[PDB]
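> Listed below, chain by chain, are the residues.
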Amino acid sequence: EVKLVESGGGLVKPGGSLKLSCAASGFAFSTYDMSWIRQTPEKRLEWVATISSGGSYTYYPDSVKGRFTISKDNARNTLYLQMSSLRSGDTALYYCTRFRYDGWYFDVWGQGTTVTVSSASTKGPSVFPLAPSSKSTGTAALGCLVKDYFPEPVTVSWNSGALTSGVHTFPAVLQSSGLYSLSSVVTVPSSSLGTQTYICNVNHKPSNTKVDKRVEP
Amino acid sequence: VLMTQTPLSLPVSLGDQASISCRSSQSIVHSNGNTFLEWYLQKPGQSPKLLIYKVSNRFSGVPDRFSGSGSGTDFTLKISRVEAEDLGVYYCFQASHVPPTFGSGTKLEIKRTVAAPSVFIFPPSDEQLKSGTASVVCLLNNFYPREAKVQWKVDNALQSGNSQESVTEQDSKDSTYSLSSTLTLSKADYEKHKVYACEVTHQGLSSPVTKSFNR
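Same order as they appear, the protein sequences are chains B and A. Mapped onto the deposited numbering, the consecutive letters of the first sequence carry residue numbers 1 to 137, 140 to 219. Residue 130 in the deposited numbering sits at position 129 of the second sequence, with consecutive numbering throughout.
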């Protein structure tokens, strides 16, 4: 089955550099042209680079030309975007994509990796529980408050991915301090409360922060 | 080649038809005959996924509910018998002339019946206090429409400038939204007061619901 899996994103200083990687599987990689597309914070989609199957031609838009290099490793079926002299405007989610030749369409997409170009240092979040009570009550709601981090993203799962129904992980909010915070909540049967275990699994890769908070009444 | 979409957002009821339009700056015929115009849908939390290419060609797997048409400058996608799983952002896209470009997107929104939120409050955690700050969380769960008003009160004094709010994208199982609002205070300010209230105004409540707790 056809897949693209991206890695390498993270926080970098203005005028720094960073290389993205995109591991392909399931198809004859070196027989397709491949691209990178970025999605800005306003959700605009922009084409950033394309490389022919031969590796012979490379195509970039004017905003990126001279700074970004798309390349590929054919033994390992991996796609790369070397990004250098990064600017503030380069911050975005970056996707790799397979550009089918007959139709010229993008038919498989990566999951995305996010790049944040900023002068500020990373800061790892604090993780605080949102305990179920008679005040969050036959369903009770509990949660996790992931406070004061930079940059995005933070991911949250519950019971290591075992719990998903009634899970709401909210978009990050900006604090006045310029740091983000987010909530992740879940509703459950209140009868389960005494008996079943509820933990949030929180990762912030840029600060190598990995926390599990058991949330109890 | 600017691609411009309308409407920017499109409420539609289940079973109904949705129509989205895409206009290009210049013509998007590639001097090969074909015109490389394409429609993508990006569902919440997912990558964009290909629906239509070369104007009217369904990409494999794409239900027969989706169709494309249009000529040279003007393109339409139509979605008949809209299902809840169809909500998200639809994008048009042009690889006829270089650089390839995308329109700015149209949000498909599922119209359903009003639903008042389930409102819960969470006091600060002892853990957070020990560190110097106090966050009070207010959750409005699974409501419709997206508009909700949340007022924070500390000993009945309306609060301003000291809270943040976000709302989830529309949910596919039941077409509702959820909202979290956080009131952030000093340990000190938190300690001086008694009554922490979150009061919610919404289209599905005849009058406001206040959930409170006493420190």
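Take these hints with a grain of salt, some might be off.
What the hints assert, rightly or not - Below 27 Å or equal to it, Euclidean Cα-Cα: the simulated BS3-like pairs (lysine-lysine) are: (1) B:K3 to B:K72; (2) A:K174 to B:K123; (3) A:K79 to B:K43; (4) A:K50 to B:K3; (5) A:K154 to A:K108; (6) B:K215 to B:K72; (7) A:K108 to A:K55; (8) B:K43 to A:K44; (9) B:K43 to A:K193; (10) B:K43 to A:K108; (11) A:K44 to B:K3; (12) A:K195 to B:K135; (13) A:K79 to A:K154; (14) B:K135 to A:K44; (15) A:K55 to B:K3; (16) A:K154 to A:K188; (17) A:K193 to B:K19; (18) B:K215 to A:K79; (19) A:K108 to B:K215; (20) B:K43 to A:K174; (21) B:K72 to A:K50; (22) B:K135 to A:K131; (23) B:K19 to B:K207; (24) A:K150 to A:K195; (25) A:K131 to B:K212; (26) B:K135 to A:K212.
Worth flagging that the hints you see were computed from the coordinates, not collected in a lab.
> Run every hint past the structure and note whether it holds.
Here's how the hints hold up against the structure:
Using a Cα cut-off of 27 Å, the hinted pair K3 (chain B) and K72 (chain B) holds, with the two alpha carbons roughly 16 Å apart. Restraint check for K174 (chain A) and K123 (chain B): the C-alpha separation of about 35 Å exceeds 27 Å, so the hint is violated. For the suggested pair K79 (chain A) and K43 (chain B), the alpha carbons sit about 22 Å apart, so the restraint of at most 27 Å is met. Our distance criterion of 27 Å between C-alpha atoms is met by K50 (chain A) and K3 (chain B), whose separation comes to about 13 Å.
The suggested pairing of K154 (chain A) with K108 (chain A) is violated, with an alpha-carbon distance near 34 Å, which exceeds 27 Å. Restraint check for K215 (chain B) and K72 (chain B): the C-alpha separation of about 41 Å exceeds 27 Å, so the hint is violated. Taken as a hint, the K108 (chain A) and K55 (chain A) pair is honoured in the structure, with Cα atoms around 22 Å apart against an allowance of 27 Å. Pair hint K43 (chain B) plus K44 (chain A) holds up; C-alpha atoms about 12 Å apart against a cutoff of 27 Å.
A threshold of 27 Å between alpha carbons decides the hint, and for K43 (chain B) with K193 (chain A) the separation of about 43 Å lies outside it, so the pair is violated. In summary, the hint linking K43 (chain B) to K108 (chain A) is supported, as the alpha carbons are separated by about 11 Å, within the 27 Å threshold. Simply put, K44 (chain A) and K3 (chain B) have alpha-carbon atoms about 18 Å apart, close enough for the 27 Å limit, and the pair holds. Distance check on the hinted pair: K195 (chain A) and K135 (chain B) sit about 16 Å apart at the alpha-carbon level, within 27 Å; holds.
Distance restraint check for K79 (chain A) and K154 (chain A): the Cα-Cα separation of roughly 47 Å exceeds the 27 Å cut-off, and the hinted pair is therefore not satisfied. Restraint check for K135 (chain B) and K44 (chain A): the C-alpha separation of about 33 Å exceeds 27 Å, so the hint is violated. Of the pairs offered as hints, the one joining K55 (chain A) and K3 (chain B) holds, with about 24 Å between alpha carbons and a cut-off of 27 Å not exceeded. For the given pair, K154 (chain A) sits about 17 Å from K188 (chain A) by alpha-carbon distance, which is consistent with the 27 Å threshold.
For the hint linking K193 (chain A) to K19 (chain B), the alpha-carbon distance of about 51 Å lies beyond 27 Å, and the restraint is violated. Restraint check for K215 (chain B) and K79 (chain A): the C-alpha separation of about 46 Å exceeds 27 Å, so the hint is violated. For a cut-off of 27 Å, the pair hint linking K108 (chain A) to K215 (chain B) is broken: about 35 Å separates their Cα positions. For the hint linking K43 (chain B) to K174 (chain A), the alpha-carbon distance of about 23 Å falls within 27 Å, and the restraint holds.
A distance of roughly 23 Å separates the Cα atoms of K72 (chain B) and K50 (chain A); the hinted pair therefore holds under the 27 Å criterion. Note on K135 (chain B) and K131 (chain A): the hinted pairing holds, with a Cα-Cα distance of about 22 Å set against a maximum of 27 Å. Between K19 (chain B) and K207 (chain B) the alpha-carbon distance is near 16 Å, which keeps this suggested pair within the 27 Å criterion. At roughly 23 Å between alpha-carbon atoms, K150 (chain A) and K195 (chain A) fall within 27 Å of each other, so this suggested pair holds.
With a CA separation close to 21 Å, the supplied pair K131 (chain A) and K212 (chain B) stays within the 27 Å bound. Restraint check for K135 (chain B) and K212 (chain A): satisfied, since their Cα atoms lie roughly 8 Å apart, inside the 27 Å limit.
The structure does not agree with the numbered hints 2, 5, 6, 9, 13, 14, 17, 18, 19 stated previously, though it agrees with the rest.
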